[PDB]
Amino acid sequence: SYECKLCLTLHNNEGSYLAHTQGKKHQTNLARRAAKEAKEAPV
Amino acid sequence: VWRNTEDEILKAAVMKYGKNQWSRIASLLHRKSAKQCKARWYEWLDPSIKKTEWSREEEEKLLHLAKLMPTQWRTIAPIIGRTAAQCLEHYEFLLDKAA
Amino acid sequence: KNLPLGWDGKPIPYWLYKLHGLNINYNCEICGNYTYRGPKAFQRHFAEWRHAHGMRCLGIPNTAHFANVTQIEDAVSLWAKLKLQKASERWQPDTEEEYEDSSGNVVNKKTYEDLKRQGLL
Amino acid sequence: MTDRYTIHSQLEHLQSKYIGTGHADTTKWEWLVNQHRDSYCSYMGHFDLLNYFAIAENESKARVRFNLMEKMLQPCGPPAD
Amino acid sequence: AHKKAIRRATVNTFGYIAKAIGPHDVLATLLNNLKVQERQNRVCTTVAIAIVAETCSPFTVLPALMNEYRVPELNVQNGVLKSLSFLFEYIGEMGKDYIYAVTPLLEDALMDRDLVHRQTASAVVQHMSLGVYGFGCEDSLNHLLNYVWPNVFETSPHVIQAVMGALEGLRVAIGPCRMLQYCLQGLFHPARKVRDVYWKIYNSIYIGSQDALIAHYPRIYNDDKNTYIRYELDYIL
Amino acid sequence: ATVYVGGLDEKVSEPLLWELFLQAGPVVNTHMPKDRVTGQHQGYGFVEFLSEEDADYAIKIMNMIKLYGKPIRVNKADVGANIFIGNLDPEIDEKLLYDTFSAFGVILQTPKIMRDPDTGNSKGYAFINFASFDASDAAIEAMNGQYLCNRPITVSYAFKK
Amino acid sequence: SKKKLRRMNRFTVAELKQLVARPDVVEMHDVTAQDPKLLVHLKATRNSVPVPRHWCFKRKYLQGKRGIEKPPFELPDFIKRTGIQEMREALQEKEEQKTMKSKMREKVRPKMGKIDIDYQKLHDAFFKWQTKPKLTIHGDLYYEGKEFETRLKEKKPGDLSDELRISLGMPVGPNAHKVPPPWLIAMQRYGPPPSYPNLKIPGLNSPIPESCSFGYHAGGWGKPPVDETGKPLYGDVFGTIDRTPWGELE
Amino acid sequence: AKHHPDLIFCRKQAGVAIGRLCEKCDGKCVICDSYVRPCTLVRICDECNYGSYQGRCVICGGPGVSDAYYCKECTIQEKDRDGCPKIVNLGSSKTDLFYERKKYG
Amino acid sequence: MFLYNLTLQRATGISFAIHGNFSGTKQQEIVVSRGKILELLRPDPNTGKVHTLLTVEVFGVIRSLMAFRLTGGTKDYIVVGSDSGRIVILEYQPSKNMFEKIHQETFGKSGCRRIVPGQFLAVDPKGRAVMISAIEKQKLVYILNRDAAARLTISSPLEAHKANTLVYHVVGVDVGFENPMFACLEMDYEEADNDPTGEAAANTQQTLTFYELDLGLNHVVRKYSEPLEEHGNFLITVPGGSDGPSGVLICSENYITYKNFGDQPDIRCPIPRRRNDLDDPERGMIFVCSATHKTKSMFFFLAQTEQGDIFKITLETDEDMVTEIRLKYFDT
RNA sequence: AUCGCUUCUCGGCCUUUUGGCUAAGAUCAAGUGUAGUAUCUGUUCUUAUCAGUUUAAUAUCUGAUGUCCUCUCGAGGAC
Ligand SMILES: [Zn+2]
Ligand SMILES: [Zn+2]
Ligand SMILES: [Zn+2]
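Protein chains in written order, with the entry's author numbering: chain v, 53 to 94, 104; chain L, 10 to 108; chain w, 381 to 501; chain 5, 1 to 81; chain 1, 1068 to 1304; chain 4, 13 to 89, 97 to 180; chain 2, 450 to 689, 703 to 712; chain 7, 2 to 106; chain 3, 1 to 332.
Derived from the structure by calculation, the hints contain no laboratory data. Check the hints yourself; a few may be wrong.
With a cut-off of at most 25 Å between alpha-carbon atoms, the simulated DSS-like pairs for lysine-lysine come out as follows [unchecked claim]: (1) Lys451 (chain 2) with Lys1260 (chain 1); (2) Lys26 (chain 3) with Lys101 (chain 3); (3) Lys57 (chain v) with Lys20 (chain L); (4) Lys507 (chain 2) with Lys57 (chain v); (5) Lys101 (chain 3) with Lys80 (chain 7); (6) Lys76 (chain v) with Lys398 (chain w); (7) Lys1260 (chain 1) with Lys514 (chain 2); (8) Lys1260 (chain 1) with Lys28 (chain 5); (9) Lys20 (chain L) with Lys77 (chain v); (10) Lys17 (chain 5) with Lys137 (chain 3); (11) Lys328 (chain 3) with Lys296 (chain 3).
Construct the complete structure from the given sequences, taking the supplied hints into account.
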């Protein structure tokens, strides 16, 4: 089966995985991580 | 009906196979035919279809047309740019908000 | 507001807060009347540093037996009875090991060696 | 509520057909009391704990038997209250 | 088929033709079926591997099962677990040679891969204990008790009654002392879910073998008003 | 009770670090608080071993400890700052030499005796980098001309290759 | 409230920790038990087994085990010896190369006896090469994350390892004893570490381990510590019944 | 039968009347629901053996044709010592399938 | 390490013994139970020596033993109640020298349990039923018959289960071809379980009760009960029918008491004491064993007391009601 | 040397992205019932004590939101 290494969810089918990525949970976690990386910017 | 899961599998299939091989795309889904896969893509899933709200230009159009060609929605629709089901529901909508 | 700070530097949901029971205040006196939020943190606190010091200052080792004791008088009293316990189960030869002299009467080995090298025994 | 008194049902059944079981509300007294009574009925079954006891004190097996069966009516004090 | 007579007979004839030909080829075509999706066919192939293994000795088909447990699908891992459940119940007393080969698989499954993994490894442990009862293969079973025991706080009907079956198999094979050393600390717990579970387990240890327990209870001191100590058991003689 | 693991070998894990701390004394914590991205140890690490004299003899033993081959430094938690030394004793060791000269500065080079490859005995010469140039001043001033192990020392700031 | 009368009965944790004979055993909620004196006495009985950690946890049990990825099961050695593994790998790759056409074709015209494995090797593997694994003693319950604990309580310096000595620049294998770790030099120099008065050094505080050599070239055991009289500094760096089993098979 | 939690046993005292199986039910155990190593025979309560109830399937209830046994596992855990194991209630599934059919055809 | 266990000296202590025509002849033999060993001895009438015809290992605890003889028959079978969950009926084959298992009836789980019958085993004198009983809450009654071929055939069990009642002893009362009757001692701990002071702990007293089969109706009814003055430990059947009265003697501490149901009053006679003995005067005295000797002429009961003193008991009777009890020292 | 050009050569790894025709060459994908669990998607909880319910504890749920006048839960004051 599949897992989202970011949101830490489990999925039975790949259809379920894709529907995950297009959903509130995945999108907001993705936005948070984008922010966090911006914070991480530097003779 | 159609579920988010079928829809995303369709989107992916189409984006790999192309829009004339509906029979193998229909082989990829369970409980789905090529007739139905095609209908769904060309009714809702196609990224050309726009799901916004009606500019009042679009609504004055809709009203003028739906009076000039009454009951002919597959003919009205392309002249304004949304599918026939959207045109039709939104037209009944204006009618009852006006009634 | 004052929500806990999340892993994304943001405040966590109010319902998650309620679930984790953070609003609940636990006083560690030995820690300088410190206060902890969350029973999780409170329980960790006995091996967390500030309590380690508090008990060092008290003179009572931060061992298992005193975990979940917070009042200092209680820690002291318990340390006393535990002193008595370990003292009981320990083996002190100096006090028990009973030695008979050549005169056939008994001393402990302490006095035995005492008056032994003290010119007599 | 539902699960509470339905497993209270099943456990009343178990116990009443099997003296000695327990439930989540079993007290120290009744636990140890059933444990004593079983101990006695088994000293009486087993022909050799009966010897051991009759020899350890200085009675006869019939008197020891009689004494056990006397004790078996309140082996651990009176009830809790 | 929808009829159970047909499936029972079908499994039997897999056994017979495995007796005629060797086991290997029929056993290979049977691990492939564990790759299907409808459960009734897979449960029936799981009984057919057990039968092949019991007719032609288990040492032929075990390495291939244990190896098939390494392919990454849910349904085939549960296929080989359920197959061992059946196999140990069939071979009965000859389990005592394969118990050591098997256990490292069961502890691996009892550290989760799924709810159903733990449910089916618990059934394997039940039948394996009832079979190896009496032959001193007891440290293995105790080691597996350490993995089966934490699943005691479950709520799925099937996982919880699989674990119960396992604990009562292990009661007869490990004896009631061990089982009581495991039940003791939670009979008077603060909570009540854990008292519920522990008293259910204790009742089932009590009902069967309630006499063997007289010798096993722990010493519980007497308080002010009642006398809780059994003194007859301290008479020396 | 706190010890700085510097030169902590890139892959020498907390297992090796605390297994060495435990083999010496009551290893109560080893930690490599590290680069929060690459995950590799920080080249600086904090290890608490409860006993002060344990930590002391641990630092005394863990100088030049070759984690992943490279000497790992355990202590209290390259501008040319080296001293070359003449009139050295061939009875000398590099760990003992770091223990001797290191009080004016830690060993940023392990004391290498400039000895031939033919026989393997010292030629009376050596070199080692201290921490600072002020450290070279102190070390070589308190060790200049004075009586070393067998041959009275002679040490000065480094001649470079 | 009679509930609050039962609460008025509820000892303080220090009350409990005082009365009972072993206080370590007492945890937080132990106070809330309708029989706290019993409960603690039963927690202090020998050989019994404590409740599983996760009864209070809000996440369920290995549902928490969730996140990371895991390597497939690892076969026992005595089963590897028989080579069933590579056999079944070969067939898996062949059948993954197969297509539906050829699959049905072999369903209808089997390749019988394509490959085989011999008996007597399966028989030796089960009845003559089997071994007892490492089992767990009574009471070691498993919990989420037990298998990612290296080990602990290993206070002994004599216990060396292979990765350790490798990334020490020291050899593992049969010459481990004759292989001195980087600690023995400063061990001979300034004693063992001063938490380990009671550790003995191989080659520095104890005799040379058999066939190892005192010396100062590459691979030796130094100049052994002694005083100015000739007495070793720690231990002896130079090395100054009928246990038969009773009823056993010949 | 260990499969359907909704059913119940007579549980009343044993007798001497051997127990009998219907042909659907033939061959399995009565509690363990196994198919193997049957060891001992079944004995049923006199009440649950009286009258029309003679010679029926303990489980099915139809016409008994063969004698019921207990698996060796039931015999070892002593689950054969509880008196009449006759299921005295029909269940949901019998009448359920029956009604689905009688609607269908 | 594997061991192998052999016995050298069988057990030699005796727990129960019964006597009867276990061979079928007019010889009387003895079946004793050593611990877990059943053996059959025969005393030779000429020399006075006892020969041990046979010894079997039964691999269980034997908790009780009865001999019983069908009506009109000539043998005695041995009913055995053990720590197993069954009652077994054995018949001796003197030709092959072995006990053979006539019947074996299961009713519960194995071990010396507390509500599972096996501890007490009473029979009824005319030989129509046995009753097996536990120390608490369970009694079964089996019925016994001949078939056409006059072989023993045993019914299904009846039941007498009653909650919260210890049982001290059970015995078959002698009645002639009426419904069989059994005479249980008893008690009821149900209230001392519920008396927070200790009042009902004392002042709860036994009650002798008679159970009665109903072979016409096939169930067991608890016909009579009545309390007993003080606690007594067992019960002797008084040979009824034509011979003698019927009923039971109850042997309580310091007393022996005839008792029967109907208008029959109760009778008591203290147990005689030794003149001028040195035993701590508070300790009481009870009977430990007994034995009925009944010949066509008379009957008399030998009873034995803790010190080992045997007494001979007779019952002076008018036609129906016994009028007195007459103890007489016999030996020690 | 540099600028312009010409030709050749070496390189990156890039770039490039496929068997012609025809009537898209033609055709086409058959389960269910009973009990139970899990996973995604979707939806949602700043409020304040205090009492009670309950709980292992939270929670939950239930309940009103020091005294007096007044200005507007807020404010001054004698207390
Ligand atoms: Zn049937
Ligand atoms: Zn069964
Ligand atoms: Zn019945």
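Agreement of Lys101 (chain 3) and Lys80 (chain 7) with the hint, judged by alpha carbon distance not exceeding 25 Å: Since the Cα atoms of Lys101 (chain 3) and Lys80 (chain 7) sit roughly 24 Å apart, the hinted pair holds (cutoff 25 Å).
Pair hint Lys1260 (chain 1) and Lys28 (chain 5), alpha-carbon separation not exceeding 25 Å: At roughly 19 Å apart (the allowed maximum being 25 Å), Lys28 (chain 5) and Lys1260 (chain 1) satisfy the hint.
Straight-line alpha-carbon gap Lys76 (chain v) to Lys398 (chain w), limit 25 Å: Within the cut-off at roughly 23 Å; holds.
Hint consistency between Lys26 (chain 3) and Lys101 (chain 3) [alpha-carbon to alpha-carbon, up to 25 Å]: Judged against 25 Å, a Cα distance of about 23 Å means the pair holds.
Satisfaction of hint between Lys1260 (chain 1) and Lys451 (chain 2), Cα-Cα up to 25 Å: 23 Å, holds
Proposed proximity, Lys296 (chain 3) with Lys328 (chain 3) (alpha carbon, max 25 Å): Holds. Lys328 (chain 3) to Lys296 (chain 3) sits at ~21 Å (cutoff 25 Å).
Given pair status - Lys20 (chain L), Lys57 (chain v), alpha carbons within 25 Å: The given pair, whose Cα atoms are some 23 Å apart, holds under the 25 Å limit.
Given hint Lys57 (chain v) paired with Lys507 (chain 2) - CA-CA distance at most 25 Å: Cα-Cα ~22 Å, so holds.
Pair hint outcome, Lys1260 (chain 1) versus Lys514 (chain 2) [Cα-Cα no greater than 25 Å]: Status holds; Cα separation ~22 Å.
Hinted pair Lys20 (chain L) and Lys77 (chain v), Cα distance within 25 Å: Within the cut-off at roughly 21 Å; holds.
Pair hint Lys17 (chain 5) and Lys137 (chain 3), alpha-carbon separation not exceeding 25 Å: 10 Å, holds
Going down the numbered hints, you'll see the structure goes against none, and every one checks out.
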